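Hey, can you work out the whole structure from these sequences and the hints?
Protein chains: 2
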Amino acid sequence: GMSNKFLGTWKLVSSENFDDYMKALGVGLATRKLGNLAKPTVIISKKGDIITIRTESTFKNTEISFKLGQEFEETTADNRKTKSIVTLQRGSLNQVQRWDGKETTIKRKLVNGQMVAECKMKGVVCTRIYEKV
Amino acid sequence: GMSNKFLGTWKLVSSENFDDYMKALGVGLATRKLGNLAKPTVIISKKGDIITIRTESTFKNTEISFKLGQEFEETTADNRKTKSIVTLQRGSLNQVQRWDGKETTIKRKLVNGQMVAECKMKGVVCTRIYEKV
Ligand SMILES: CCCCCCCCCCCCCCCC(=O)O
Ligand SMILES: CCCCCCCCCCCCCCCC(=O)O
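The listed protein sequences correspond, in order, to chains A and A'. A prime marks a further copy of an entry chain. Following PDB author numbering, the numbering of the first sequence begins with -1 at its first residue and continues without gaps. Following PDB author numbering, the numbering of the second sequence begins with -1 at its first residue and continues without gaps.
A few of these clues could be false.
Okay, derived cross-link-like pairs now, BS3-like style, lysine-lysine, Cα gap no bigger than 30 Å in a straight line [what the hints assert, rightly or not]:
(1) A:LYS31 to A:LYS118
(2) A:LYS44 to A:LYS58
(3) A':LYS100 to A:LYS65
(4) A':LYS79 to A':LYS37
(5) A':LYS118 to A:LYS79
(6) A:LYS120 to A':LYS120
(7) A':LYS65 to A':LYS105
(8) A':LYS37 to A:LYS118
(9) A:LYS81 to A':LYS120
Restraint ranges, calculated between C-beta atoms of paired labels, are given here [stated by the list, open to error]:
(10) A':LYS105 to A:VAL11: 55 to 63 Å
(11) A':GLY6 to A:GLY24: 27 to 35 Å
(12) A:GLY24 to A':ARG52: 43 to 51 Å
(13) A:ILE41 to A':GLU129: 42 to 50 Å
(14) A:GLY6 to A':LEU35: 50 to 58 Å
(15) A:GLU61 to A':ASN77: 41 to 49 Å
(16) A:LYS21 to A':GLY46: 40 to 48 Å
(17) A':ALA36 to A:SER90: 34 to 42 Å
(18) A':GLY121 to A:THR73: 29 to 37 Å
(19) A:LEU27 to A':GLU129: 55 to 63 Å
No wet-lab data here; the hints were simulated from the structure. Just so it is clear, CB atoms sit at the ideal spot from N, CA and C, and this is done for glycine as well.
Here it is, written out as structure tokens:
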């Protein structure tokens, strides 16, 4: 299953191309300005086979709890209501969100003890690096 | 998780567009002739969180065991070696197979107590209906 190395609290240390990723998602200007300034903490935990990913920022908090491979309802930081599925591929935690005939993916993997999140929407690709706290 | 109603032995009673589906997969003529004549039995079982799907036919037997949402190595009836993931979406068991930069999906759902498998490759769509034995 998901490596226990994912478990813990993670702080954003780098973000690249997040603005265009938010634009591709339909996020408006004022919201993107705050989104580009946020430095969220992401907390990954598990209880039995339920994994929880919580994101905390001054602007917005989000939380999802899920079992691998089982679709669930999600409300995103920009208030999309999506049907989402998290899978595990070569140790990477891959989240797909679907809504309104669209889809985006957020892939999280460990790289030299950092967690790297790659967000993709319509060919736009964002990379966010987190340091374990 | 997967409904217990999937569990059991299932016999093929109908197949539509399987030949074009096999063609889309790259299956040769002599093999497709046997594939179109086969009436496989599919046995679905589970042990803990490992689900097993076994297919039995005079021509070829196959078996996959997997956990939902976790990628695994699969060898298909036509001898493709794929990386596959089975997910659960609105009660449907959705299998994606990837190999050589290609992908196909086999979605299995229960319809009035029958199991219906829909196989899709490059816009070709096959429907196979099974009756519980
Ligand atoms: C989560 C930071 C708050 C920013 C609020 C702006 C709303 C748009 C963001 C939606 C997509 C969030 C992608 C986060 C991926 C990650 O975990 O690094
Ligand atoms: C499994 C039947 C034997 C036929 C052998 C021909 C090899 C090509 C078939 C590969 C795809 C099989 C799709 C089966 C979907 C289903 O479970 O109904």
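Need the status of pair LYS65 (chain A'), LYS105 (chain A'): alpha-carbon distance at most 30 Å? holds, 16 Å
Quick one: are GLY121 (chain A') and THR73 (chain A) within 29 to 37 Å, going by C-beta? holds, 33 Å
Please test the hint of 50 to 58 Å on the beta carbon pair from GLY6 (chain A) and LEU35 (chain A'). Holds, at about 55 Å.
Hinted pair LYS100 (chain A') and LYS65 (chain A), Cα distance within 30 Å: holds, 27 Å
Take a quick look at whether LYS118 (chain A') and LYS79 (chain A) sit within 30 Å of each other, Cα to Cα. holds, 27 Å
Verify the proposed pairing of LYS44 (chain A) with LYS58 (chain A), using a straight-line Cα cut of 30 Å. At roughly 22 Å apart (the allowed maximum being 30 Å), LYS58 (chain A) and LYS44 (chain A) satisfy the hint.
Outcome for the supplied range 40 to 48 Å, where the beta carbon pair is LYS21 (chain A) and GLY46 (chain A'): holds, 45 Å
Between the beta carbons of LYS105 (chain A') and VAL11 (chain A), is the distance compatible with 55 to 63 Å? violated, 40 Å
Can the restraint linking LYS120 (chain A) and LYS120 (chain A') be considered satisfied, given a maximum Cα separation of 30 Å? OK: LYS120 (chain A) and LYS120 (chain A') at ~20 Å, within 30 Å.
Range agreement (Cβ of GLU129 (chain A') with Cβ of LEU27 (chain A), hint 55 to 63 Å): Because 57 Å falls inside the window, the suggested range holds.
Do the Cβ positions of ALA36 (chain A') and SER90 (chain A) conform to the proposed distance bound of 34 to 42 Å? holds, 36 Å
Given the hint that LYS79 (chain A') pairs with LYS37 (chain A'), does the C-alpha gap stay at or below 30 Å? Status holds; Cα separation ~23 Å.
In terms of the numbered hints stated before, the structure departs from hints 8, 10, 11, listed from lowest to highest.
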